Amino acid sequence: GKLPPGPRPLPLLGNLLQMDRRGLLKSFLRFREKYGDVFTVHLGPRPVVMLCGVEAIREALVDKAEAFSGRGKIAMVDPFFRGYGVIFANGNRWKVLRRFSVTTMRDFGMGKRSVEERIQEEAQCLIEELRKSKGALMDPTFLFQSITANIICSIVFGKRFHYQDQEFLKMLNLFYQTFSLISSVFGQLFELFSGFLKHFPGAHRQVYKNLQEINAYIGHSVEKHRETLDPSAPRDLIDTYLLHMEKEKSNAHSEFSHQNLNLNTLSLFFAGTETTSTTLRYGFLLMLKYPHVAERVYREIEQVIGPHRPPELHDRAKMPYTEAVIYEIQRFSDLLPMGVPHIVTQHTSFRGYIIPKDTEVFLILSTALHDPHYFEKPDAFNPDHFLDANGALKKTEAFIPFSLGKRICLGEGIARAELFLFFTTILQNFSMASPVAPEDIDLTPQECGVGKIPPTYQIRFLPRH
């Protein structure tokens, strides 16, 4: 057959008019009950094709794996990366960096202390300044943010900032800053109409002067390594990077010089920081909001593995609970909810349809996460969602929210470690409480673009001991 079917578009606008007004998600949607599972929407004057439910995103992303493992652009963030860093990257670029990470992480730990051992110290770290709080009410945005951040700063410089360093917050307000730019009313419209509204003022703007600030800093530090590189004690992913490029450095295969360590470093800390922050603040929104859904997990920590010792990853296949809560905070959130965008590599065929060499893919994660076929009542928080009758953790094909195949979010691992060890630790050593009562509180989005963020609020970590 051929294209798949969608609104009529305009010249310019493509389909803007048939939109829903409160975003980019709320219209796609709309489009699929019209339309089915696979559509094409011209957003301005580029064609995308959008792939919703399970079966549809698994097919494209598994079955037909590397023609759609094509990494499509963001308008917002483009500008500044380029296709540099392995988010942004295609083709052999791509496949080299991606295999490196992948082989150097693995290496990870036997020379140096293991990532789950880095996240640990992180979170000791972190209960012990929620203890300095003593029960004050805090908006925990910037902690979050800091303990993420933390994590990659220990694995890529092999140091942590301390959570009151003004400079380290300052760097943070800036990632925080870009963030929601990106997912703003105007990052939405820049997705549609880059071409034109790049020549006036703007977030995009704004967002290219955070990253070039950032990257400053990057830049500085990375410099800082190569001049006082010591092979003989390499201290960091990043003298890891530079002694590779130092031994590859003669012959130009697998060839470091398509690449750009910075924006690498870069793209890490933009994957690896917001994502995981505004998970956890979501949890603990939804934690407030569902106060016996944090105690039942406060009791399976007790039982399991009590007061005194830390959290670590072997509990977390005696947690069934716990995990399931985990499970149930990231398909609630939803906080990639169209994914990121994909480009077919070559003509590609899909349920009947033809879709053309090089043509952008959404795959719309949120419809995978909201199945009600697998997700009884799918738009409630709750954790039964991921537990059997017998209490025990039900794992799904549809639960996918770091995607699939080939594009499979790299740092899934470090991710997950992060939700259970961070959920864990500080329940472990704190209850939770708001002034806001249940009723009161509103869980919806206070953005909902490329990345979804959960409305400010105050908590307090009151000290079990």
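Numbering follows the first chain given and starts at 1. Each form is matched to the other, and the largest set of C-alpha atoms that superpose within 1.5 Å is called the rigid core. Compared with the form deposited in another entry:
- The only C-alpha among 143, 229, 245, 127 that moves by 2 Å or more between the two forms, given a superposition on the rigid core, is that of 245.
- After superposition on the rigid core, the Cα atom of residue 95 is displaced by less than 2 Å between the two forms.
- The Cα position of residue 259 differs by 2 Å or more between the two forms after fitting on the rigid core.
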The other form holds:
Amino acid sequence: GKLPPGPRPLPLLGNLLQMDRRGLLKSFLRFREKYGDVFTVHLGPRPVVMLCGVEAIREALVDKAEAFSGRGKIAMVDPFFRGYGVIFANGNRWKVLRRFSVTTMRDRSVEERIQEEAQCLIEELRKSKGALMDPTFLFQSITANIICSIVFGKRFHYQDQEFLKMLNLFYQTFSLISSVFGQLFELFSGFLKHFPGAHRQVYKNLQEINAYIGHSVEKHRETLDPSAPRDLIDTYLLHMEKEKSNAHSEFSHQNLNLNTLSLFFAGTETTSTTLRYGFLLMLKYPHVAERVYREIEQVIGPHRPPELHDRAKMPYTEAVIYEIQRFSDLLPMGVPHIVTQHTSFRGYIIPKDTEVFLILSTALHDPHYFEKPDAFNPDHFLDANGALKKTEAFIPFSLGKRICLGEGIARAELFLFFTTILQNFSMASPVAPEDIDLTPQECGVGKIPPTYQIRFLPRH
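Could the form deposited in another entry be given as well, to go with the form deposited in one PDB entry?
Just this one chain is shown here; partners and other molecules are left out.
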């Protein structure tokens, strides 16, 4: 008849007192035990429908694309993004900005861009003389630069303190959003928005980044050559000029700054966080890293830079990376959707504008597709022959009309960066493999590995 079943809420508090202090995901997994794969949780003042397991998620996002393709808000960042840029946009705005962003994210190839950065990385790693480091900044630098060369038309130097400062702001912002306070804000932002909190810090952090984008936009405006756009910013300026007599053009300055922030954020914090978990995992499972290195020796050798064409011949490294993405579960609850029209779903009726969380973690840890899903195991992506076994449960980019638009770039990045590093270095740290704790630092919107030190030791 009406909504999916779930725990009875209270006025004001919704289902607070039935939640798990450990976080939203935990709370929803305990609801799943009781209600199955489709259920409603009242997050403070409203109902949110949760969909779990790959069948239910694909049925929503793919078979019912017409209904499930809207974007819900993330309360920690809505006040800043306010429905601007491709991530947080709906309706015609989304259509326009998605199309724009997909097209201009192809148009020097992305591969060559990543291969070049990979060489600067190796260089930077050789200069560190196997010193200990927390590699967050470095993994952010390499991925940010890929997006920077596309968006801004250049890369930044690794020791540029201003680049650093922006990366430190993404890092902090993503943690803050994913923190327990940020998960609470999701429930009670109406009330909490009047007090001091991490929500004001996030807001401020994003504004500092946006100010640089502001500047760079103006620099681009002044030096723009309409016959020779240099990058994604130039290209958007030209759409803007072309549509200036339409006051309702989506090619506005607010979309330009926030679409640009969106890309920059997505290109700096996703892949880098996955690599950071990946290198923690190589420290804890040195046998896996050793086996990857053997396949690199055999398929690539020690000198020739890895290339995307190498992937087909390296099923073991590919499986390891799939397993790194599966285990690291970057966005356990994905990004919020909303239904754009009244829909019937498995006998339930989900009114237009109901928020829908698609619990990607549930697909990724599905014990029918992955034997032992809480363990890190590259055999999850291998057949008996040792050939790559892809699976439809593997949905860490989501599915359907909102499927991550950086999937191709992200996978290229993970492959080239992971292989080029292990080609040239092994890893060490002062924590014994058996003592390494993989428990995330935060687990909210983002799952965020703990900080750790690592050394990269040149091979000889």
